[PDB]
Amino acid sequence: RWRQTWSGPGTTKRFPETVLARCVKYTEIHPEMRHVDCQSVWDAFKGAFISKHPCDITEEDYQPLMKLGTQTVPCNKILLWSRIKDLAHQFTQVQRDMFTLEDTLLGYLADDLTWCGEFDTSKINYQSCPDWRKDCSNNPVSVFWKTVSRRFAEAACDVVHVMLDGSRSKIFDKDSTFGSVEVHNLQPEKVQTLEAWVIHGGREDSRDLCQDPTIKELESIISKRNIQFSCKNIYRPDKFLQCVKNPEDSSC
């Protein structure tokens, strides 16, 4: 009773109700997805992990959810991001013609949430869920993001943009979900260019972070997929967001 099963956070409280409400809200904000039956979405979501050992989840478990959440977003208007979620989302809230994963129904449902079941019972584990590193990688949360990120990267076309956190030790971390799943799923038949926006932090604007070794590593991988690579520095993300909000400002 004093022992917890896993190292990671348990299921977010009221996960069932939260997923259902987010579905209702999404279908309300976005009419093109209004055909979705939100109860059915939850059912299939639930079906992916309930009663399953939380170290034995597969992409196949999530397929019925993937089917119900079928959504075509303009393939040429996609924004990827690695480890800089906030600004990317803040960007798409203003620049409403562009989409991150979390601006899709499926991403929107799962964003910031944790969930897992218990092997061979109907219960949701509200106490602890597997940590990707300490416990096992094939857990309900990690496998969900892997599945959706693959499809999202596979649907991408034309010019794909990626926002990266220039203030990190590894600006392109080839171990991230961007690096390990998204990048290698950018199809050169569809995707002409990958353009990176490297977001600087604070008054650190003296360097061209597009010259960072990890960015050259990204350039190399992208080029070996027969995809053009472009990189821009964003020295002032504070002013960047403002210019996105009010493009009429003479300062940008």
Given for the second form:
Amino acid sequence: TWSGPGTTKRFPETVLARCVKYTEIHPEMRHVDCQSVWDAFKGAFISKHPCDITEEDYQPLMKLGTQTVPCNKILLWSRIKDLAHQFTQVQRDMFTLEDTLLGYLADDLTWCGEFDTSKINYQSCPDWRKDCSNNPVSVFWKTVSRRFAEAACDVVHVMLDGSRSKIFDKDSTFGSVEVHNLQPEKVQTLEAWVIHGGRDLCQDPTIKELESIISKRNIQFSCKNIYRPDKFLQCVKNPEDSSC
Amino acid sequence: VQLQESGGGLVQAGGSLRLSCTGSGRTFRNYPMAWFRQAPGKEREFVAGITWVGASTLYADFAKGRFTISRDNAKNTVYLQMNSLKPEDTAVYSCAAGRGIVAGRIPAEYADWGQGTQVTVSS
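I've shown you the form solved without its partner chain. Could you give me the structure of the form deposited with its partner chain bound?
In what comes next, the whole complex appears, and the chain from above leads the way.
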């Protein structure tokens, strides 16, 4: 018995249906065999102790999910999911992790197995603080986020929530995995967009921390206040407007 | 968008120039902008790019540490500071205005172009 919530109800059918849905509509991944994807996903955590999952467990899934995305148009984000995703619906050549097949399969879901059975545990799954860091969910996100960040080049963008305490959180997935896997051999600049909830938030101590982390990797840093998320989406859609 | 480059000229190896690209007609403050160059018998090649939201910069490997791209929205101008010039920097340098968010390295994805300004570096 673990402290975290159990595997999401109907997780196998949900993952399969998301794969079918994504692959039948996104032409770049039409080749994918969704039954193979599920078998590979399931094989990562079934019949395994859910505190000893490795990235290698997910390698067969990563391979089936291979997707040659444009390196220069990646939008990272942290604790501002809905707006980050709205953004890539407007500026459609850009994408978030969850716009890729693998990110889309797993978004908002929970899953784990048991070491002594081939069953999915719907009762409970490990909480990353209270039980163990190396669980099926945490290790998945850590594997795909690292690879996504490693794929990035040129100017990489990150959306951050400026209304919260710790605009940049070094303990988030962005703060602990993604930012440390931006390769300086091909990423030249990280641009931060701090979103407001109704001052200059690019001066906040946590943005200076991010700037410092980034400088040390030999990557440039820009930061921008987005005061009016509504006008920002409008102007990205139609930059010819005299209001922008 | 009408674009006009200036600031090119003849310099000795090791010298500097500052190119500017001034926009008449429509503003380009919400377009990504790039500098490209084209030597006499060759294809255009990416030199540097700059975004419009946060004005983030991007350089060709040959440009890093020598060239600096910048923009000033009020003046409707993009600048290329070029230091430590070499003979193989000799070319026609042109600015281009793109669309969307990022400054890509592919000339044919840029909508609006200037005529260019000559840069000649003697040995």
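Residue numbers count along the first chain shown, from 1. Rigid core here is just the name for the largest C-alpha set that superposes within 1.5 Å across the two forms. Only residues modelled in both forms are compared.
Superposition on the rigid core between the two forms places the CA atom of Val24 less than 2 Å from its counterpart. The Cα position of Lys232 differs by less than 2 Å between the two forms after fitting on the rigid core.
With a cut-off of 2 Å and the rigid core superposed, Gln242 has a Cα displacement that reaches or exceeds the cut-off between the two forms.
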